[PDB]
Amino acid sequence: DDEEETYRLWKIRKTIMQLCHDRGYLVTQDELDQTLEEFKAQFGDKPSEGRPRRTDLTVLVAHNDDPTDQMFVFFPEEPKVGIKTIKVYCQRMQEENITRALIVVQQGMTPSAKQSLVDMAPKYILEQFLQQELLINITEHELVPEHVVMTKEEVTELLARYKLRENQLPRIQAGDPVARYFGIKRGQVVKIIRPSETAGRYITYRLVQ
Amino acid sequence: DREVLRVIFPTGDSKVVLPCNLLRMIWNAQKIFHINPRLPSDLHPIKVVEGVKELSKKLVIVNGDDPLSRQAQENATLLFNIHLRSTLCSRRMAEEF
Amino acid sequence: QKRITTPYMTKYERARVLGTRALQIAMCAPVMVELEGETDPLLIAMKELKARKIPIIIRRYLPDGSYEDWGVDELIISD
Amino acid sequence: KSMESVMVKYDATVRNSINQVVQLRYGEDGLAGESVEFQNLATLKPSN
Amino acid sequence: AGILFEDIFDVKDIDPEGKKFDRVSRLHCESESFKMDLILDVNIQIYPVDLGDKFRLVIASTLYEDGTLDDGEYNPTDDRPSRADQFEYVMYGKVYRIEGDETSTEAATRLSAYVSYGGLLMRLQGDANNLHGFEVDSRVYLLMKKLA
Amino acid sequence: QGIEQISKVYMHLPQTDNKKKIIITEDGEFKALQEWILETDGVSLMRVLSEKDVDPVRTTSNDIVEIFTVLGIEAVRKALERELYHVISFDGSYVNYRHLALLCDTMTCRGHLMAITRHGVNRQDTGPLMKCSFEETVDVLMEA
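Chains as they are written, first to last, in PDB author numbering: chain A, 2 to 210; chain B, 962 to 1058; chain C, 49 to 127; chain D, 866 to 913; chain E, 2 to 149; chain F, 1299 to 1442.
I should point out that these hints are in silico values taken from the structure, not numbers from a laboratory. Where hints are given, some of them may not hold.
Restricting the straight-line Cα-Cα distance to at most 25 Å, the calculated cross-link-like pairs of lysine to any residue (SDA-like) are [unchecked claim]:
| id | chain 1 | residue 1 | chain 2 | residue 2 |
| --- | --- | --- | --- | --- |
| 1 | A | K81 | F | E1302 |
| 2 | A | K12 | F | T1358 |
| 3 | B | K976 | F | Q1332 |
| 4 | B | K976 | A | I194 |
| 5 | C | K50 | C | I104 |
| 6 | C | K98 | C | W118 |
| 7 | A | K186 | A | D66 |
| 8 | B | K1018 | D | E899 |
| 9 | B | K1019 | D | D876 |
| 10 | A | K153 | B | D1027 |
| 11 | A | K186 | A | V60 |
| 12 | C | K50 | C | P111 |
| 13 | D | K874 | B | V1021 |
| 14 | B | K976 | F | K1319 |
| 15 | C | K50 | D | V873 |
| 16 | B | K1018 | A | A161 |
| 17 | D | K910 | B | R1053 |
| 18 | B | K992 | D | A907 |
| 19 | E | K20 | E | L52 |
| 20 | B | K992 | E | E136 |
| 21 | D | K874 | A | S197 |
| 22 | D | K874 | F | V1419 |
| 23 | C | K59 | D | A897 |
| 24 | B | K1018 | A | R162 |
| 25 | D | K910 | B | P980 |
| 26 | D | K910 | F | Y1392 |
| 27 | F | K1319 | B | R963 |
| 28 | A | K41 | F | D1351 |
| 29 | B | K1008 | D | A907 |
| 30 | A | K12 | A | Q108 |
| 31 | B | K976 | D | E899 |
To give an idea of the chain F side of the interface with chain D (calculated C-beta under 7 Å), a few residues [to be verified]:
| id | residue |
| --- | --- |
| 32 | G1326 |
| 33 | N1394 |
| 34 | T1404 |
Using N, Cα and C, we set each Cβ at its ideal position, and we do this for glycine too.
Please work from the sequences and hints to get the whole structure.
Rendered as structure tokens:
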């Protein structure tokens, strides 16, 4: 169906806007609170043989702190992203000189392509996201507490206050769904703020490892 | 504090576990000092406000004046301080206790 | 100076300070407090603890490897 | 055996034998379980 | 005199809810002079009471009728004249609650005084002016004399 | 039709307040709403959450592993606390939260679900002597 499929595109885009906004990228308010009709009106048709194309759904956002820093969100049309598709995106990133990008895959990536992202990880950071994952914002789930990425200055202050080593903190896997949501790499520290039934509020810190 | 509580306890269950039983402590104070509930009180409402503020500073779980220690100290005693403020409020100290 | 540990004596410090001081008294160590008809070394240590006269320094090891030396008189006894 | 080494340290954090932080404060409030009591938050339920 | 309250009551009900205890009955009595409502637990075994019985109730802070405080200890050997000699049923209790119709601004017109006589409970309702001598946590004596 | 791995779905109105929807009205009171909730016989948390007309905020799975792989280590930390609280408080028994919170923290301190078996307690970087005293006394010491 097309009415169902277009709903996915709007919902996936909404999560990306929230994901980008939560990552500190400049996402305007109307983009976040964009209705399905507004998305449907903006693209004006249905996916199958219609105006809204996954290629035309690409999103470019700029970090609030550094306007030069930017990120792509690519929606590959093919169900399985191959090496050639990644190189197309990799070549495109070179033209705009953008380091970080997001690929919202339909079903999965061919194993060679998955290795390709890691191979180019230093120069360019490409993050694979499954389409099913983006259909919801896990950060909005009740079980998920508030995650805040700590700046290097804050992490230094944290360890100094508690006389702690990095390995002494609780860990969060780099592949954690929330860690992937925030695009945190190994060595970064996540500040988790939780409601506590005893204290009222509790802050814990998780190192990405 | 009321709105903070609503987030901590969305179900609205006011039963909590906290260190000091303030209601019984007040009851002990009434008996120890023979408080007469019928007569007007000589406790200034401001002394209640200032007294509770001074008390909150004395109840320290995370010592330290740095912002990280101050925030943890605020979080560690958030629930008790809310309970303390809503029990030792000036209105209630003069109305029922 | 520059102590971050609690100013109160913990129940585990009280148990060992009293037990350690009792053995010292039992081994003919001088009694810092005046005793009247007290012959049990453990009861004498209790009097010294109440009088804050136990000549023992508690060294609290912090997780980072450092320690804070507290005199038994400095700490606040539970009673 | 999975927690026999977890302890409240003198810096008030909860750590295991490896010295890893399990809780920054015991129970998230730094209090012991013997002293706390059941009490009612008087400001939660009542209406505006 | 050291008398906090004195009046004559008529028993209306002996146990409306039912006989909760074998040796104790809950009298529901009303006065005719001050129109004070009285609920009283009485040791019905030693001091039987019947419906319609009339008795004189005195609530006093002391028994010596000289103003001397009893101090609240058993002194059987005391030979000092006692107000209890004129009454048949004497109980010693503690007032543990004083309720009233007081509002935020207006004072109380009706007052309820609750007294526990070692577990036997008494409530004395009526006009506030008639119960001004009652102060919570104070020791009072209940003296009852059935009137023929 | 439907989602694979979800064999049977039960629909019922929750009488207990725990599964009811409690909201705050205009007056500021706590009102519980009698709303339908579906309980399945299988777990497809990721699929079910994305479904339309399904609440993606409260929809939860009792399967700890499903929560971890869908929501993260902190979500499973909270879910593990709720599930453990359910078994303890099922018969009205009460345990102080701090004891429950401590067990959950040790099971999630390393960023992954650590079982309280030998496969989770001996894998953590503790000394071999501690490990040998728990289980696999010789295999633990041979590896050391």
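Checked hints:
{"no.": "1", "hint": "A/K81 - F/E1302", "in the structure": "22 Å, holds"}
{"no.": "2", "hint": "A/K12 - F/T1358", "in the structure": "20 Å, holds"}
{"no.": "3", "hint": "B/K976 - F/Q1332", "in the structure": "23 Å, holds"}
{"no.": "4", "hint": "B/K976 - A/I194", "in the structure": "23 Å, holds"}
{"no.": "5", "hint": "C/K50 - C/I104", "in the structure": "20 Å, holds"}
{"no.": "6", "hint": "C/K98 - C/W118", "in the structure": "16 Å, holds"}
{"no.": "7", "hint": "A/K186 - A/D66", "in the structure": "19 Å, holds"}
{"no.": "8", "hint": "B/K1018 - D/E899", "in the structure": "23 Å, holds"}
{"no.": "9", "hint": "B/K1019 - D/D876", "in the structure": "18 Å, holds"}
{"no.": "10", "hint": "A/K153 - B/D1027", "in the structure": "17 Å, holds"}
{"no.": "11", "hint": "A/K186 - A/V60", "in the structure": "22 Å, holds"}
{"no.": "12", "hint": "C/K50 - C/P111", "in the structure": "16 Å, holds"}
{"no.": "13", "hint": "D/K874 - B/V1021", "in the structure": "16 Å, holds"}
{"no.": "14", "hint": "B/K976 - F/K1319", "in the structure": "19 Å, holds"}
{"no.": "15", "hint": "C/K50 - D/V873", "in the structure": "21 Å, holds"}
{"no.": "16", "hint": "B/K1018 - A/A161", "in the structure": "24 Å, holds"}
{"no.": "17", "hint": "D/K910 - B/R1053", "in the structure": "17 Å, holds"}
{"no.": "18", "hint": "B/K992 - D/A907", "in the structure": "23 Å, holds"}
{"no.": "19", "hint": "E/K20 - E/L52", "in the structure": "14 Å, holds"}
{"no.": "20", "hint": "B/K992 - E/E136", "in the structure": "13 Å, holds"}
{"no.": "21", "hint": "D/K874 - A/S197", "in the structure": "21 Å, holds"}
{"no.": "22", "hint": "D/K874 - F/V1419", "in the structure": "22 Å, holds"}
{"no.": "23", "hint": "C/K59 - D/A897", "in the structure": "12 Å, holds"}
{"no.": "24", "hint": "B/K1018 - A/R162", "in the structure": "20 Å, holds"}
{"no.": "25", "hint": "D/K910 - B/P980", "in the structure": "21 Å, holds"}
{"no.": "26", "hint": "D/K910 - F/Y1392", "in the structure": "23 Å, holds"}
{"no.": "27", "hint": "F/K1319 - B/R963", "in the structure": "20 Å, holds"}
{"no.": "28", "hint": "A/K41 - F/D1351", "in the structure": "19 Å, holds"}
{"no.": "29", "hint": "B/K1008 - D/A907", "in the structure": "21 Å, holds"}
{"no.": "30", "hint": "A/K12 - A/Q108", "in the structure": "16 Å, holds"}
{"no.": "31", "hint": "B/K976 - D/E899", "in the structure": "17 Å, holds"}
{"no.": "32", "hint": "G1326", "in the structure": "4 Å, holds"}
{"no.": "33", "hint": "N1394", "in the structure": "4 Å, holds"}
{"no.": "34", "hint": "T1404", "in the structure": "6 Å, holds"}
Consistency with the previously given hints is maintained throughout, with no hint failing.
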